[PDB]
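The data below hold one chain only, encoded as structure tokens and taken in the form solved without the ligand.
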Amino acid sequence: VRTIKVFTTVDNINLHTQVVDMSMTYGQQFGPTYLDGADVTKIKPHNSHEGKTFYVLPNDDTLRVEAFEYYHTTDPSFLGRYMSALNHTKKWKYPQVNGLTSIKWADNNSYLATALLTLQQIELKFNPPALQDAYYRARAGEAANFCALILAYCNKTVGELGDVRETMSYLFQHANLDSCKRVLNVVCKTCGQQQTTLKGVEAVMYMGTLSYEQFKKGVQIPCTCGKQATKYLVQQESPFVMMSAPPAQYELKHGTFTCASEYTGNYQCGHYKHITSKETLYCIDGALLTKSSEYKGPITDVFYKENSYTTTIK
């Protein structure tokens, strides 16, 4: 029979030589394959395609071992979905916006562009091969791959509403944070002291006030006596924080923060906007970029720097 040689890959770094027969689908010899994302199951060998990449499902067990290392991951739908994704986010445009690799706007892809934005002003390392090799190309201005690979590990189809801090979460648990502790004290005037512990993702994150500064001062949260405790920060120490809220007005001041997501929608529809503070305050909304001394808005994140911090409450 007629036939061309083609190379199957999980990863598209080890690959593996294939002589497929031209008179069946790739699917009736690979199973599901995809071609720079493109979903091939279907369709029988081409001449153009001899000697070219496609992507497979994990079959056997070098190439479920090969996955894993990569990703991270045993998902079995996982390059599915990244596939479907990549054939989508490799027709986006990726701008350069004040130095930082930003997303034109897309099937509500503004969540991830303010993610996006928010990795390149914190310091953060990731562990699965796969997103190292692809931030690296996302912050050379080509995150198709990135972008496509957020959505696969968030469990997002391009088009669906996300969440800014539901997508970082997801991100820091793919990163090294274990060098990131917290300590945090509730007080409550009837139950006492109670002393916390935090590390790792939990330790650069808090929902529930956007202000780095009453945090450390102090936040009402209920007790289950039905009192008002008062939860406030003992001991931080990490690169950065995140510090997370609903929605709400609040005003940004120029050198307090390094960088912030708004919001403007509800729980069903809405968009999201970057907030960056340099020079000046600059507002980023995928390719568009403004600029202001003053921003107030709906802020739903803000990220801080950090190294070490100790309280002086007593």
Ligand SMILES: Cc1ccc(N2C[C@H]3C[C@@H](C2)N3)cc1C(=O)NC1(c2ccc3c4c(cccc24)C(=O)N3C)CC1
Given for the second form:
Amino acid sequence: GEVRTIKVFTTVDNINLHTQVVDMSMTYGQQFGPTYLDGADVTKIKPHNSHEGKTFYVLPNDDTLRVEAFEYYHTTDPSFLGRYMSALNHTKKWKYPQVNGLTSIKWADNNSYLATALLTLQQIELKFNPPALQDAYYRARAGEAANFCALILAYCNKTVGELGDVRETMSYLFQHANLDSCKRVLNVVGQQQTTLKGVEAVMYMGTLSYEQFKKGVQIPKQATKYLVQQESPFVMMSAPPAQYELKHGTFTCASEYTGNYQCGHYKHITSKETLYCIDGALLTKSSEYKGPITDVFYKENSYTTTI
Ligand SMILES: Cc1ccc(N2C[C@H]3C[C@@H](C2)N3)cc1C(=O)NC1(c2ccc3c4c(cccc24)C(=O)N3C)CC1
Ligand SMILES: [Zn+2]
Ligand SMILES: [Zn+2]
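Give me the form solved in complex with the ligand now, not the form solved without the ligand.
Up next: the whole complex, starting with the chain shown before.
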């Protein structure tokens, strides 16, 4: 029968577009391989008249596409693009309410960890290295966060509907950020000093209190570890969830966690004119706070001990 054609664009990064002429009598998969339209898998579908001029994602199947994908995402995992598209097909349907100019996410698909991470990322100073994260983060800050959320799911190898860990999520994203100038000097009292750089310089697991880290924490005979010097724009202090008192103006933000390991619920606590509890789309305020906290973030620039 008749052979009709339309013009479309293919891409791996939505920056470099490659004009294609498509045969409407064949499926996209027969012509391109796995093919996606705004996240939806159209590999098994034939071109529709309405697809003319639209942009489709394809898997990198030639060296030009391979280079474009790597330069944009900073990954060689061949499953990455398909996982990113599968997540986007869901996150494009989430809602992203603004809370005091912070983009949150209405609860869906056990995404409380992602809303809490997204809110945190808008409150600390971070520069991503992969252009894909740079571009999507800028959009997310302005309220259009579906692509950023799908990329986070793909980078962290999380499926939509799976509850993830905020500390683990932030840690992996930090591996894609420019933290090269961050430095931490510790003394453990023999008396021994160590210097950490990069992501290890901004994370700690064992106490929520930055002040306690400065004064000294006991670690295994028992010794005292304390912070000698900190050069970073923030620090993330974490510990297994425990009841904790947060005081206005003494922290930047924090992760509240209720429930059991791997199956509970996160909320986000931030300090503004009072304490805000952002719970996806829901906001409550209170002058005081006591509750189960598992991460606290503190802004920083340069700290030097007086010990
Ligand atoms: C919410 C979530 C999602 C995923 C995961 N996972 C852990 C390992 C496996 C893969 C994914 N990776 C953990 C949590 C979780 O529940 N994470 C916290 C937690 C709760 C209760 C805890 C702990 C402890 C140590 C560290 C974290 C933690 C602990 O000792 N208890 C009793 C932050 C909430
Ligand atoms: Zn949840
Ligand atoms: Zn000792």
